[PDB]
Amino acid sequence: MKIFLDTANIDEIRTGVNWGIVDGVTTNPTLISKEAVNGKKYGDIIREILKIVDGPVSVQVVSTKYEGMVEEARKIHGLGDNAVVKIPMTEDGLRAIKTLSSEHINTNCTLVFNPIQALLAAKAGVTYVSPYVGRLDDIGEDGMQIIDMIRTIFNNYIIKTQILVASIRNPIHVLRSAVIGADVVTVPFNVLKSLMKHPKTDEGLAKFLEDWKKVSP
Amino acid sequence: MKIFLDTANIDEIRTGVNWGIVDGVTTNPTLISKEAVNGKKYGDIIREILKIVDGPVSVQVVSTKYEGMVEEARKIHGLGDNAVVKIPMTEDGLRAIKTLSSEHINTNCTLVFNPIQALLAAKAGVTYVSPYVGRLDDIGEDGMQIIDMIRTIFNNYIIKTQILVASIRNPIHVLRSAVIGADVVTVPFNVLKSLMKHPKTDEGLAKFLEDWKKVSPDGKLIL
Amino acid sequence: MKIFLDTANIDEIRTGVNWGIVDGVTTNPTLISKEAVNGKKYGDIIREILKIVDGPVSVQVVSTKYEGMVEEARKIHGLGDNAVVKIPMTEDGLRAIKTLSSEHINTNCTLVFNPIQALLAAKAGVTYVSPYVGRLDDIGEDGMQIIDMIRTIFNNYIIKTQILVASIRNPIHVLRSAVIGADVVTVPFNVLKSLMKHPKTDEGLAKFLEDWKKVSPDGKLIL
Amino acid sequence: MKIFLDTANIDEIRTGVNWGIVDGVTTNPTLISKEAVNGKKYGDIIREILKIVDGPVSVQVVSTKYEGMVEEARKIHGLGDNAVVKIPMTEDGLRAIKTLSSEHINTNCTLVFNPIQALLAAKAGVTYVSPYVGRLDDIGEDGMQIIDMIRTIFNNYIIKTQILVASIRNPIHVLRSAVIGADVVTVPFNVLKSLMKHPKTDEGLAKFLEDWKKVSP
Amino acid sequence: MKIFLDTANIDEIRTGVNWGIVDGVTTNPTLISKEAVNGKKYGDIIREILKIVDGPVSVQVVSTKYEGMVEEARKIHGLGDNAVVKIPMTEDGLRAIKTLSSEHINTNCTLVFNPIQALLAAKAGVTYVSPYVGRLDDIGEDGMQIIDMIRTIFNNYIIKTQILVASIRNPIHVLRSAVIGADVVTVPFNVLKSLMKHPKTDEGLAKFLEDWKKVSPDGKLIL
Amino acid sequence: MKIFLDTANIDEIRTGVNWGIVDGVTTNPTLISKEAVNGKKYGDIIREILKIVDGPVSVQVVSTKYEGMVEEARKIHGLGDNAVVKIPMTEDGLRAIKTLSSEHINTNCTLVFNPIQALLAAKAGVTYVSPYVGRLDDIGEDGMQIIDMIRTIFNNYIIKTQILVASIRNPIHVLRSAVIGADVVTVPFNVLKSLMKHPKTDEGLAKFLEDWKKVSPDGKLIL
Amino acid sequence: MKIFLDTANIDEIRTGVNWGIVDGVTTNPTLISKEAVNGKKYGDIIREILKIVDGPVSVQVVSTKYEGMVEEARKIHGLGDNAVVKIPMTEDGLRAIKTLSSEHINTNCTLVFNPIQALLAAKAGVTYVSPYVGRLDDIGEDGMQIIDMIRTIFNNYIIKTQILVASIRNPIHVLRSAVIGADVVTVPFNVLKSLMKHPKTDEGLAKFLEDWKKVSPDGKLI
Amino acid sequence: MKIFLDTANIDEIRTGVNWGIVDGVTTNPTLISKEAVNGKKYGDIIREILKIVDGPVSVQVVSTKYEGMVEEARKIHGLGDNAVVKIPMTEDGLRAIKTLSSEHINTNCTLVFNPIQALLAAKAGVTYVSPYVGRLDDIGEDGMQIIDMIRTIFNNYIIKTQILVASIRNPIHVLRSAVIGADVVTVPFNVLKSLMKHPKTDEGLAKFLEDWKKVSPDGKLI
Amino acid sequence: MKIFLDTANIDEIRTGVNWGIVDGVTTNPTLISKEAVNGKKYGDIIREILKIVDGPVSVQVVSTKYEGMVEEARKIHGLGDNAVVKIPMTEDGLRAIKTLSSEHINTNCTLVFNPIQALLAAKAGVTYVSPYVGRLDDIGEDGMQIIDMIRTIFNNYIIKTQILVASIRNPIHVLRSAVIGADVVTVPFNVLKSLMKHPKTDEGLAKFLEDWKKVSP
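Residue numbers (PDB author numbering), protein chains in the order written: chain B, 1 to 217; chain C, 1 to 223; chain D, 1 to 223; chain B', 1 to 217; chain C', 1 to 223; chain D', 1 to 223; chain E, 1 to 222; chain E', 1 to 222; chain A, 1 to 217. A prime marks a further copy of an entry chain.
Keep in mind that a hint or two might mislead.
[What the hints assert, rightly or not] In the BS3-like style, the derived pairs of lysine-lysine whose C-alpha atoms are separated by at most 25 Å in a straight line are:
# : chain 1 : residue 1 : chain 2 : residue 2
1 : B       : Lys-207   : B       : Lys-197
2 : D'      : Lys-40    : D'      : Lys-75
3 : C'      : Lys-34    : D'      : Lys-207
4 : E'      : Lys-213   : D       : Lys-34
Calculated directly from the structure, the hints in this document are not laboratory data.
Just chain B, with the same shape it has in the complex:
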């Protein structure tokens, strides 16, 4: 399972990347506009992330129309080979994914909330599909069950689209994603930093330090 960082905060990205556990980054218009304040421009933020991160970097179009999505997609693609174009799950979006896929431009279909939407995105040739599990949790539906059905559907038809679990809120979304067999999770910084930690790890380290002092002060 790949692990991506879900933020446009360059400080969080640098830190995550320096830990060596970040395989890629996802952004979206909300995340970017949270950073693009007090002088900082969105075009600069996007370019800096592309430069910093070796692996896939998803950046979302904002046009809602086919021709506009495809032209924004190509500008996005031109920013560097690791760029992945995020396209929303809409009629125009599916058309855009199909065209971009034929042009070998990598794509990520976002705002997916049930397994049939994810299947449509895969049929359009999308590279990644990104169901939003935390937003399903928000409305009283166990979002991880949708990931489990998508995994089954994709296995049934030997689909090569990667399942990219998004809107992750806690480490149990991450655990369940790995048990299900999702291809990727994208996680906010506060979740990322917790994944390495456990209180018995801390306790064990202290114990080994103690015991070692008994044979080498």
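Fit chains C, D, B', C', D', E, E' and A to the given chain B structure using the hints.
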């Protein structure tokens, strides 16, 4: 999972194809009767669908006897390489499927309501089998259970006949079909349309638009 | 799943074969004797069935001792390469199956009532094992459970003996046999005919033909 | 579980009743007309069965209309207190059951093929509901699964309508009915006579006879 | 399981009641808007339904604010003892349900789409809760699963609020509701009609009629 | 399932109570201190909450030793009969729960992380046990599994201690708590508000109000 | 679930009862002799335990023959109405249990290793049955599965014999016993102490402490 | 599933092979001594079995120490390439199996009673492992559950050691072994004979016979 | 399933290899200075273990910093090609594992207590991951459940990292590890010896003996 459009409405077919999400079309005599009104000829409707759909197009024979079935099938086949001859699950139907399979004419056995009818059509050599899940729902039996049994049976014997779920009424027939692993669903246009939609998709788009306005008042992405 | 006809009527056989859904026949002296009427020779019926049928034809041995069984089995084998010799699950039967297997004479072990009997027959080299499910139902045991266990046992050891479900009484024996993955069922011609039928198939056909007449008065499909 | 005999053959009924294992009888227009040939009249057959059998005896109306069903029902009821009026599952039938039930006339709703039909019959106040399992088997559907769902539904709502399994074809319909917890089965004579039998019973009896001869010739 | 009719069509209501199978009615502003055309007043429609249905009749408030909800509820309640006030799942709605429950006015919380909304309505004291299963189906989630969770939750806490399955589209929503053990289903008239029907019922009737003719040519039962 | 508000804001509390869905409150010194602003006394906040709330109010002890805990618990008890004393799962905590239980002072055992800790607190006589599920989620263990085991354990022995799910982070902790059958959840005011919401509720309301206007221009319901 | 302490140490018993978490005690000659020290006699230790514990105290017999077991058991009963006599699962043991139950002397059948042995002891009238789960674990079979079967069997027949899980080695034997619904577990004082502990509890306490110092620096709530 | 005959009787072995249903044989000193009668020596019986059986013949060692076991095992191997040496699940046994496997001498580890013992014998290189299911049944645990676990474990690691179910007492041990997928069962000749029988088979034969007399009175098909 | 001995006693090791059931050894800060008594250099024992054992020998790094860990690991590697370097599940540890893997030095990540920690270690390229099951049991959670999830996760992604079950306390940890399919268990000597024992084996051996004395005094 392939998705076919279950209609003879040319406007619906052109629209669905353009979404890139439609892999073929199924018709039946009812669907065609509906469109062949006010001067429109069934012959023209059929040829036009075949003309504009790249994927399989199922057209159903109307004879109930073996010889009429095969004679009509050979005509349907002659109209285009993407034509699939629909044949009902009957004694004459199975005979027709066996003959047509030996002639390398693609076939679709329709009006299937239990898994053993589906198996018999497969043994005769049919290309697709089409169980009618909504008509089972109509009589108080969960039709998707028959799809699950057919998938198991076909898997047991490595059967190459495609399961084509038909009489679809709602998006949960579609979801359950995909989870079971049916080869194809054929859906009405209104169902097809609904498959792309979700209130949280709409809501998420609106929020992204709004937030983006904060850093780009004309809502553009200039790179 | 293969389907054998449990019959010696040549017309039944020809008809089922044209349906594309009959793979072989299982006979017994009662079925054959039934057809020896209006002058017909017992042995002529059997030789005719062996000639016409492209595939397996089971013929019973009547001897109960090893030497009699193998001598009869050899005669039967000489009547056609597709003849299959039916031998009961007994001590002498197993000895006969082992001997005939070595001579490459195909065999069908009958009167099997539990899964270990089926395994012993497979170990002796038998081509088919025939558990009589309806005779277990008769004594208050669900006979299909024995088929399920035999399928599991045979899968465990990659056994090439075919499971031939016999003493079939209804279409649910057939459905369950297919879902389990039994290799073959043998059924009377009348169970076979019932397997194609469903009231919604008839209802659906009637409606399609009504609707077609609205666009084509004489029921025709002119293309 | 009660066991009824499903026939209008008086010879079969006498024999069954003499075994002491028959708790009642069901008839229907096909069964009765098979016996009412070569001089025998249907009115005589019905009366003879009513006289012979202590327990419930179901006899079916033939009118398809409400007023006609209710008038046939009352003539049926008047033939004796053990008479139970069979009414088909139709709109007019449900109306008739509701009226007959209010008049404390026992009823049996027949030609039931799914669990919701059975529930409708219970809501109309029917005494017995009779799903036809063998005719479901005939069309490639496991008829006993409908009995299992009816039992669950009836348990959920504490329904007092008795489930009467009909169109029985073999002893496994009977076994599964008892395991599910159906209230009644009605069985044809050839099935009835087999229920007491088992080859190990026969074998055991022979063995005990043998062994007893060794201590009392 | 109670069965309500989900319609404001007076003809449908009179017909269903006469089948003896309808235990109440649900309306909503859409259903009533549909009938309140060509001079027909919504006020008259509501009073007439109340007048002719003996069981509960749900009539939905239209105000979105607490005070308007309770004022309309008290009016609805005043029209007949069988009136049930429908209240949407909102903050003001829950406040209204709490007040109305304390006044012993029966209530029905509508537009419920997950089990926790259903629990909140129960805690406020509501008489019925109405989850919309077909609208969940519409967005690719199996709505009957929410009914199953609500039944479990209600059973856990011995909750007396009745589960009323709404937005029913087919007979399998009805079947699954009964197997789960929902208290009530409310169904459209065409669904209601279909619940009584089955092809084998029709077929069995025809056969009984035919056989009876053999011993009574005028198809009567003379006792 | 009871719902407690994890808050010391009196306005939040009043609002949740009017919704008919708040049964009590859980406080801690941080929450209380937060409200002591614009001149408000810490202890006045607590006494006000105890006076207004008809039902349980949890208040933390800060002493870590037995004598300090019971002396504080007694003070807290004196502030209102509905005060519940929060005591951590430690050796001295268990001694304090046993002593306070004998004095009929209600208690809530906090910092419970496995089911056996919950059982020991119940055996000491505790009124509520509070497992912190989100803090288990934080360390890569599904915290709701511990609630499920505690419910089973408590059911086995007919334990009267209430399970109070704490450290709740999202609406699925709440849904799962209800399906398991936990006695209580405690949630922040903002989780609480989210529990009422669903996009189809909003969509449905908007459509009903649109349709109603077709029959009643100013949105009114005049009866 | 009741919790007995497997010990004869009186400070261990007092400290357990004060937690409100100990319902009784299980002894054995080794445990008792361990405390029969510095003046204390074996009989003394048992009498003091019987006196201080408001609940069952299990005391073993060493005789392996019916007459000897029953004679000892009567003695033990004489010491206090809360004494419970331990009897091994043997032919003579079952005879002894039948006799003692008829004399309303409470009993505890030990060395039970399968569910049918447990059923036989119940049928003889035993008050408690003690399967030794850790010794099943020692020989490579999951001992808690035997507890599960005994629970099912006892529920089937509404048996009033209490299931007392013994030879406990870790907190998961305890957790599983509770989830199954065993009536009692007997554990050493140290296992007992471990049951209260969790690293997130310690972390939580530390967090409580620091945040309280924020609202008030001294460390006292007024 | 292979079926071995648990016996040293040569007429029992011939009659089993002729049915096509016997794949090998398992002996033990008691079985062999049973036939070492009327002139026949112990060595003779084993040599004749090795000669006539086209398959594995298991022969036990009586030494319980490593050196003695290995010395005997080499002797047994010398008697024929199809001899298989039985070695008990002990410390010295595992040492012996390791040594013998390295010398391509086939082995059969006996007295296995849990799945981990079976795994240890496999790891030492054993050809067959023989769990004694009936002796587990004797002590009130379902012995076939151990076979199921060993099957899972061996499948997990693609272990080539064959599971040989032993101490078989009834046809249901055999049925369950086959459903689980055990490689082999070893059974006494009488159990073997019972496996072919069913009362509906006998009934069927009788029915066949009578109905054939209807189509032709003599009893011969021409 | 491989079996390692958690010891540095050479006799215990030779004994277990002789049995043919020991595949390696794990040596942690809390064993080597057990055997460094009266004559032996915590380094002659390690060097000798490395010489003896024809399989992996795990040796723990004591530094907590990346740079010290990789320097110590390279030293450990220098002692013998069967040395495996034990590294704790920390930020610095993951970084060290990634570096050492790239230098083809085998690694064993210790103090793992949940499945996502194990996945992170595998993503860093670790040769073994060692979850401490008994220490989870100690805090009231069933440690074997974590092994079961890690097996599933590793199967999902075809992960080549071996699952090495550690902190083993009893033979049921071992049985469950084998049924789950863990790659390795590491056990103390007394657990190891107990794995061969069963009371019916002893009973059985006595009976072989007794019956043999009958046939041959």
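Check your understanding: For which of the previously enumerated hints does the structure constitute a violation, in increasing order of number?
Key -> Hints that this structure does not satisfy do not exist here, as all of them hold.
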